[PDB]
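Before any questions on how it binds or moves, here is one chain, the form solved without its partner chain, in structure tokens.
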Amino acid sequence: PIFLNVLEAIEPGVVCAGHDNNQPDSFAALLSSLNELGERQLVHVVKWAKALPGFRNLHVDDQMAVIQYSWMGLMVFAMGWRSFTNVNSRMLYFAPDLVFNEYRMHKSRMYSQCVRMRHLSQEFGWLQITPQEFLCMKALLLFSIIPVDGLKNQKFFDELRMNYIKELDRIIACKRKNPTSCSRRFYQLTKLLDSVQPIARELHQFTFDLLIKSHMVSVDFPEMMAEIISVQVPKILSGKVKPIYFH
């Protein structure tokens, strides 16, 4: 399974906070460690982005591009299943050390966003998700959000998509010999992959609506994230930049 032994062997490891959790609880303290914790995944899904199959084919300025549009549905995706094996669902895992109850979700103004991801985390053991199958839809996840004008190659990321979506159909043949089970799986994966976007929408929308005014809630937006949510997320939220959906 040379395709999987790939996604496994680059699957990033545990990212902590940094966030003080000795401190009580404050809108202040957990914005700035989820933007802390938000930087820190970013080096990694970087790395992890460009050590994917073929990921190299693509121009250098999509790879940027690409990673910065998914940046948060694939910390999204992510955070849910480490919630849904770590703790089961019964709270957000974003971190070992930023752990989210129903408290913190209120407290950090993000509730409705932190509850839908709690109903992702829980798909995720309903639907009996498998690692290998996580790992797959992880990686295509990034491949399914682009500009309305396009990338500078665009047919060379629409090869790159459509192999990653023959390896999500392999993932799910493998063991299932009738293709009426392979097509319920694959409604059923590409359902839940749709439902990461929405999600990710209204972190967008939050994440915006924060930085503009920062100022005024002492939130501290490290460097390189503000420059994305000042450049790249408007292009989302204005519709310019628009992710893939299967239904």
The other form holds:
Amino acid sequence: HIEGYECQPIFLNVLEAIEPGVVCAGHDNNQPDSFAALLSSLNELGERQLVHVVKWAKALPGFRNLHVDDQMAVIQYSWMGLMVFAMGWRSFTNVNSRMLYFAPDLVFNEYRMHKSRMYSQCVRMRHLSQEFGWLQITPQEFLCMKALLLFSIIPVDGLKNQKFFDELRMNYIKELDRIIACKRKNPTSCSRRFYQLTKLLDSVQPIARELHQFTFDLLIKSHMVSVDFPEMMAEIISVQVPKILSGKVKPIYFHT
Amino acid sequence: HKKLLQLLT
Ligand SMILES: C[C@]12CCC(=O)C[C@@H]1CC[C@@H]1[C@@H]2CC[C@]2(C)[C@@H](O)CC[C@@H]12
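Give me the form solved in complex with its partner chain now, not the form solved without its partner chain.
Everything in the complex follows now, all chains and molecules, and the chain you saw is the first one.
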């Protein structure tokens, strides 16, 4: 309800004041691009990205009021969706939607996209990226959206305390609405802009859903293709991820 | 999980 003349910047300050910094993967580009070194690097990046998201999430407003197991759960799910989005925001402001900027030391160009044995999905991620430009997504809009994503995937069975969750997911959708509603007063373009982002958000689920199948399978024929897996990485992919596949855990789409 | 719940604290 940002009305009057002041108040409300509070929320928008958090996301900004708590947005993780830069993250390196540890991939020496000065080496022949092989499916091994590549995927093995992205895997190392994933772990390195997880920790930040963890700290990042515990800083979120009202996030702490969530149950532990839940917090651990939720984070263990939408993690994929988030990273893809963040990475999308990186490739945009940086390589101006043309290359998959995963990390300073890891820039996915056409060639690598192929050698990664996953050129298909890469396109989708390079799509969601180009979208930021078209929809003219603003930083505030992103920082806010990325958060919402966190609470955008739960088991149809229900968390260990649904109420708190819904409440927060609720309060967050408003902030998104509160940010969108800060440029002019008219309940027209708002119902329009909101519709846009919401779509964008849901369009993330598919990719995630896709990037999941790939990593899981990769975990199976892991040793074969000789690709290392971080202690924490393999964990989620073998338990948490499978649930998303087994259908026990499902995303939360605004539309249909 | 096990190795992650630690970071939550
Ligand atoms: C989330 C990461 C790493 C962080 C990021 O910027 C997005 C990117 C999307 C593809 C993921 C990758 C982590 C490692 C995964 C999960 C590989 O196993 C296969 C798909 C990879």
